[PDB]
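Quick heads-up: it's one chain on its own, the form deposited in one PDB entry, in structure tokens.
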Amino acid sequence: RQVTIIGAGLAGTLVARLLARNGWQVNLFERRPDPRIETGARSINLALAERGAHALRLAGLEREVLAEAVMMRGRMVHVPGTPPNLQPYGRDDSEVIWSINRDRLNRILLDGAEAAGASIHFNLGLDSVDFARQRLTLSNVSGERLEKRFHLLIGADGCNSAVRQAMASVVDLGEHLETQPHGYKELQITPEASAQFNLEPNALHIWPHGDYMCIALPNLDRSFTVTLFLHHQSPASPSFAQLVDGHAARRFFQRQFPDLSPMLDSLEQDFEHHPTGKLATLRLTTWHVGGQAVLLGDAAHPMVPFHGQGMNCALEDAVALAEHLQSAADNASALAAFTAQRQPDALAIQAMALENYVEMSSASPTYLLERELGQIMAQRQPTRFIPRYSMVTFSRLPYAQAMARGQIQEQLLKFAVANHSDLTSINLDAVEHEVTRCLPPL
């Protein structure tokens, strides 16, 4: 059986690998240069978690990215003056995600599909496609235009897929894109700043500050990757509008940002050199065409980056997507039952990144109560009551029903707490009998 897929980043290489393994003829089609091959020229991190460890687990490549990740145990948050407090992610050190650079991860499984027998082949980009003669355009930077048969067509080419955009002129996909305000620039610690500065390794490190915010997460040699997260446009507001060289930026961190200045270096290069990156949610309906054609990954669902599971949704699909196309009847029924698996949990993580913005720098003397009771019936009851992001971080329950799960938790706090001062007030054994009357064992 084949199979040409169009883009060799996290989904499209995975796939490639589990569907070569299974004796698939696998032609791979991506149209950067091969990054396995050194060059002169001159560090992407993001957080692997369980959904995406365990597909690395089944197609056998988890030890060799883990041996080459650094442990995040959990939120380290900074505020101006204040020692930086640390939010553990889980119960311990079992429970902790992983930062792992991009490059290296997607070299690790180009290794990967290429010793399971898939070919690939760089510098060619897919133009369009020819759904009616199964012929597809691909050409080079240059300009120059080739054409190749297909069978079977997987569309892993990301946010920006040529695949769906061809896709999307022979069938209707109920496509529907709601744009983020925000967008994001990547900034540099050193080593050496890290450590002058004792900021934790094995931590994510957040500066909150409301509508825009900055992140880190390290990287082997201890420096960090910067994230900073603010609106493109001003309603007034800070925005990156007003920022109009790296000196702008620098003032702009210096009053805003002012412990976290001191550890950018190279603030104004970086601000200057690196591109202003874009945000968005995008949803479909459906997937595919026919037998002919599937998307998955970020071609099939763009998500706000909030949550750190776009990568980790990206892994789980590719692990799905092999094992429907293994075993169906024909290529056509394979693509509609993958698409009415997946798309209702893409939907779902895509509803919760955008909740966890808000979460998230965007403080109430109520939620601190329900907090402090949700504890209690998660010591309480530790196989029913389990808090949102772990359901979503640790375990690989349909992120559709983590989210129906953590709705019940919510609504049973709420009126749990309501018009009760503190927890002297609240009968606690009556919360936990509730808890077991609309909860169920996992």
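Positions refer to the first chain, counted from 1. Note that the rigid core is defined as the largest set of C-alphas that superpose within 1.5 Å between two forms. Compared with the form deposited in another entry:
When the two forms are superposed on their rigid core between these two forms, the C-alpha shift of 2 Å or more among 370, 114, 127, 175 belongs solely to 370. Annotation for residue 191: C-alpha shift of 2 angstroms or more between these two forms, rigid core superposed. For residue 63, a C-alpha deviation below 2 angstroms is recorded between these two forms after rigid-core alignment. The Cα position of residue 36 differs by less than 2 Å between these two forms after fitting on the rigid core.
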The other form holds:
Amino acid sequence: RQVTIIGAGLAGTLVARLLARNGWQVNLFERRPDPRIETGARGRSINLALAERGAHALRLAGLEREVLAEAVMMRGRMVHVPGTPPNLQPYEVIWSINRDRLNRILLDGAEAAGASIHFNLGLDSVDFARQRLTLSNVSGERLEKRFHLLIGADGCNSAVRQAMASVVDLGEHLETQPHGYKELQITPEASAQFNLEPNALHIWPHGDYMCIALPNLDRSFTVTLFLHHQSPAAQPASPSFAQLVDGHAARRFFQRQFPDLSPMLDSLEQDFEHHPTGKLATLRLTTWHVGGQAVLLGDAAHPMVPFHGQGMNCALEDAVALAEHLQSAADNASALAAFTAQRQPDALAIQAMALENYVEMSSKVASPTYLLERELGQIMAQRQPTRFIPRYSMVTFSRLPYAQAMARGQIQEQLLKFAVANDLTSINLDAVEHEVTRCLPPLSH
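Mind giving me the form deposited in another entry, seeing as the form deposited in one PDB entry was just shown?
FYI, this one's just the chain on its own, none of its partners or other molecules.
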């Protein structure tokens, strides 16, 4: 009945609330300070896309209305490319939520449910044999604490995950990507001056690099630049973080490549030199738990590239699943095994689907095969909105488990490919629709 959670982020704080109100004694430890303590100057955090499946996880926790109150409705996407004014491409919605706003709400929810939360305390080591762990603060205190069940919700660099290696082989494989990212900020004045639409997701596509911006209720926007770390050996002058040696270089790059975005980025030079360049990676594990003693949740279990906007959504789903299993199972070891069996297939799937979105960020001309496929898929979905559901729509706008969206997507892509092989005018749409009904079962099977 006792549980210790490391990491008061999105997954850890949600699972604290779900367990605490299910009668667990919950202690939650966080390395950062309490964002609920009002200071004189609020810091900036990123805005995240919350999709239907994440919103539904919050509804099960009884916190959806709270979060929605501070979330910006995004009705569609606005693509910005030179030579056209952007116009809204309508989506059904995606909510833009501020990370720290969400976190404060989750924290209040966890505490209201009876969890004890401890801030400014980082997990440094775990001794599984002696079931003790040690927390450290900046005051030099080294706090040794006893634990029964340990939930690692401590993010993509999990200290819990690292500790688990000492006692079990996690079968880790880290796959890195050549793009990094940089977080930047459009202020409310700038967005208003350039009439940036608050109720939309904004994209600046540019072949091998790109910017995406999500809104905040105060009309500021957080912008993410995705760009190669280094210029390719054979394409040595192409843009990369390696060339952008300082803020002035960054400014010249934005001026040249993102002319209409550069004016909105007032602290670009500042932001570029301070904010570290983030890495893109996928980490996969064969095992998420050590018997009944510890389990990994969210980014701690399954780091993924941020290209389908689903990491937080997955983490919130994870929390719901972990608390469901901990209640309905015989013992903790069985719960953790069952949890891993449910969610690890979903995690691998979204990790893969995220990478597939990522690889499209290319200046390579799209193969006419892939183009005809997508165009044919659109037609089929129109004719049988029943069965043929585009995979992105299954992921982003439904609650269908990721593994099942990936499976239906495979059946669908395969059908499209055999149909398109060897322009669309020669393709018999009746023959294709016949194959769609023969090969793709309705959702009710």
